[PDB]
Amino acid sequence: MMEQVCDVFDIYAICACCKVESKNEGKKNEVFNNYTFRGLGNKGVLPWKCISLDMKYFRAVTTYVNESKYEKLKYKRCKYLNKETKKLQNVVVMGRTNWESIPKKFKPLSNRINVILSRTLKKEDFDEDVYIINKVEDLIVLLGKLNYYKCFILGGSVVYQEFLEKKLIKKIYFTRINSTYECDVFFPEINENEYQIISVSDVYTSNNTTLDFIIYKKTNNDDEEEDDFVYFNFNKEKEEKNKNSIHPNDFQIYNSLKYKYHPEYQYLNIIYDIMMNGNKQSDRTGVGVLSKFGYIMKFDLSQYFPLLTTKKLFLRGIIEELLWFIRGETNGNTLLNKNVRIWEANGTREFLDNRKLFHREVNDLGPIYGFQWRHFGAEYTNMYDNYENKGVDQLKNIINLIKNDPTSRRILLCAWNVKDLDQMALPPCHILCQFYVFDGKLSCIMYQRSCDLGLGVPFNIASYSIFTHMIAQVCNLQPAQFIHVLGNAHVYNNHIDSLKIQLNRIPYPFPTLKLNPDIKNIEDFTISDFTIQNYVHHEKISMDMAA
């Protein structure tokens, strides 16, 4: 290498970008890409009032130093300048407008060497402990004279534009604010060939927005204990086959990422695991799956709504399904009249006949979820019957227990009624929900005996997440964790190519779910009581690719 200025001087950019108005931004038919998050500023200030978690991120990154790693950095810089060889601090560079946007109580930025770029102002115009430079070149001369750890370009847009076009940035630390505000300055459109995303953080809520932290990297375009690790892996040739192979190069992006901390990676990593280590099994008439047995996902509903972003999902159907369940309905026609076709195939004359339900009316699904939720143990007759005060009203029971016996270890909703399995159109995939209450917070475990990772699971995650919110609210609690246990976890072979596409997509910050807060009984919700805010997602995928 002919060492580059950005690598010698460790020059990084840090920014936060929200989404922008854009003539309503198309409206619902909207395309999303990394350029969706581009809003920097409005009227010489930030577009948002306070996002404290971003502020705390920005301070920790820009203040953090590692003394032991100075030796190697001084040598490199001294070598580069062909030269021989206080508390160590980072340098932070601000345009004059950026500097003027910062309230006085914050500046100069604590535990940091403050640098301001200006032509109009000179050192005589500042009271503060700051360096003025009038030239990008004077910054590089200055880093050559100073003891510092890393150099952070803090914006604004004009400063971002010139440091990027000069190829002076080695990584961009980029906050995605997943909300829309009025903006009049924007971050430069990043060239996907110059910079690639290498890391994605967990998703958080701060001040009524979700947000995450991504890292772009510029492209090329007691030691003793370490050996004991090698020894303990003398037998790792069984997972070194990765039985199925499916080729490395099909996951360049997935495998390129260094930190994969976005909760959507719980889903994508299970799909990777099944693709590389799954067992080949028969399924039905030849169809074919890769299968594994026993996974757990955990989703923090206090921080986000885990609606998958690596493809497009609609929730109207699965919400109409959940309301249908809560009503205790088994009538397929109710959903079909709402153009929800989830249960259509399971209600046909042929499907019911092949289940031996010869005496069952078309779209009479029998004693499935709804009936077990409101009437477990009652004799199923038909889908029109009035089952009032027949069987156990489980739903009512668990709402009572959450409200009056919250430390109970017996708050389960169970759909797997052994007596009734053969009368069901098909037995339930979603066996039981158990609830947990601590400190005014409701968590839900859902055990799923059979899990179609390609099609079913993304919707099942959404269903039980919404359900946790509904139970949390009618019992006066805040939603905490939704915990999803996978028994038979499988990828249909038909889905494999579609999933390969999806695995190489980078998740977006999750949306948020809003419930009408006036709804105080589980029975009183209707479709318009549910709102998904700030859903940023990749393009729709048909998992079939054929029909």
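Residue numbers count along the first chain shown, from 1. Take the two forms, find the largest set of C-alpha atoms that superpose within 1.5 Å, and that set is the rigid core. Residues that one form lacks are left out of the comparison. First, how it differs from the form deposited in another entry.
- Core superposition between the two forms leaves every listed residue (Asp228, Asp129, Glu379, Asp422) with a C-alpha shift below 2 angstroms except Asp129.
- In a rigid-core overlay of the protein, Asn249 has its C-alpha displaced by under 2 Å between the two forms.
- The rigid-core alignment places the CA of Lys145 less than 2 Å apart between the two forms.
- Comparing the shared residues between the two forms on a common core, the stretches of 3 or more consecutive C-alphas each displaced by at least 2 Å are 123-129, 284-286, listed in sequence order.
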Contents of the next structure:
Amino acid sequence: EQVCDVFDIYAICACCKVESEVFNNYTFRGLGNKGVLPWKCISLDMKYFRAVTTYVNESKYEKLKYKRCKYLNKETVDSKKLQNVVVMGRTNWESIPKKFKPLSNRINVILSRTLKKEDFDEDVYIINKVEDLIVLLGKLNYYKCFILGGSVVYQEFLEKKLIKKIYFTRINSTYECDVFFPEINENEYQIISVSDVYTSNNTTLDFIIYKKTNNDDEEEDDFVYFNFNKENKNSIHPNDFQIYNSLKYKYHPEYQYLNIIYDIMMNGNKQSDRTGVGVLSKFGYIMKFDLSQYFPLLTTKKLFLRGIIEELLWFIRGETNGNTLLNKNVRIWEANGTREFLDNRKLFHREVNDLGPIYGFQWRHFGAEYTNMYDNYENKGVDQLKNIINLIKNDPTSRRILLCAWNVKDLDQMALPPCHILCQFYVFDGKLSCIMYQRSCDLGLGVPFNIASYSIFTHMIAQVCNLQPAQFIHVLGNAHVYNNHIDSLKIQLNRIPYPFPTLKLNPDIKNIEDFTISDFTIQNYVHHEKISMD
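Switching conditions: you have the form deposited in one PDB entry, so give me the form deposited in another entry.
No partners, no molecules, just the chain.
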């Protein structure tokens, strides 16, 4: 029987990153700068705040007032339009512009030793000490009580264990800050929910929920009848996914990746393969990432992008020469170019690192006769890359905007047939979406890079066609987890994503061929520590 649970006392805050790297929850702790917010205006966190702190459910008040009376050993509490209490520090209250006060449809309280009621109303309550809030809540009709802080207010409320939940906005950008939110003891509080990732006012943010740790139903039976035929399949335990299965709302788009790992681990088919390692496999998944709101670089481990950007630039040049990448210490294709690998593909007459008519060649020269990686292929075969950029510019409603790497004629001449079969483009209202069909998906190692590659490419094609990127849609055919990744992915699934980074391109690049490694910036990448998947 606890005071926070009786009077439904919650903290709501927005924390940015702080100018001074290992990341943790404490990375997000910036509250204020010189008695104001560290940031200009984040209009989406403003709207979330207003909606959370003003929302009330009438039909739920009976149970709340009952509990409050029952616990105070009273039979009654004492307009009749139910509202929330909002508590502020003095410095916080005096931060707020005058006409923005008092906060609308909320009972405004102000912790202060040096204000006094008789220069405000009794609409706008005041209290000298913390215990004077519990007293005032005891005498009030209110839905819930929200601590809107000040670093001081939050500090004393958390250490006195008077907070049931923290509504915590992660502002994923760095500002000058002089006051910080206190370090949330992850023994005292734990995250039970994570929102979608959003862009507002040139930053990404998400909304998480910390919870104090515990140290017609005619149609409800019809649901049970429809499940009468429903079915550990693979030797995977519950305790394994404790944090993953503890979350209620898992709306962060990184869960589209994590949920597929979970599904293959729980329900996947045990299969041998080419590699001789064994996999769990399933067939047919879709993920969708909103490139207008974030860059979906996985945050539950560290990912590097230089190599995958160089690979894409090498595709766009129409190159097949593995040495070009090796000379820049990009080793993605090294194992596919060895004497031994090519001899096993029966490419006995192929030079080492001559990968044959792979992506680059099919994108710029589909149907040209491959000779060797040094030949001049200029104006030979179909320049599909040019054709799709022309169709996007000149016939945006075409349903034929496809870039295909799967050249059936040339497959046996490639060091290996492409995993990334095709990209299809869709244009609507100045916006570009991309579907990539992937025949073979290594969920542990390859798929995180593959999402980054095709997200970057969707931004590159958008910018050179004067469009804004919309959705990257990733279609997985044979989707597999290598048995040697299972322990590593167990670790990864029990990590809570961070708000995603943003991709910035040099805005001066207007032709697909003009991009260089320096034209790409990842911003505000906050990530858990690197995992070796093997």
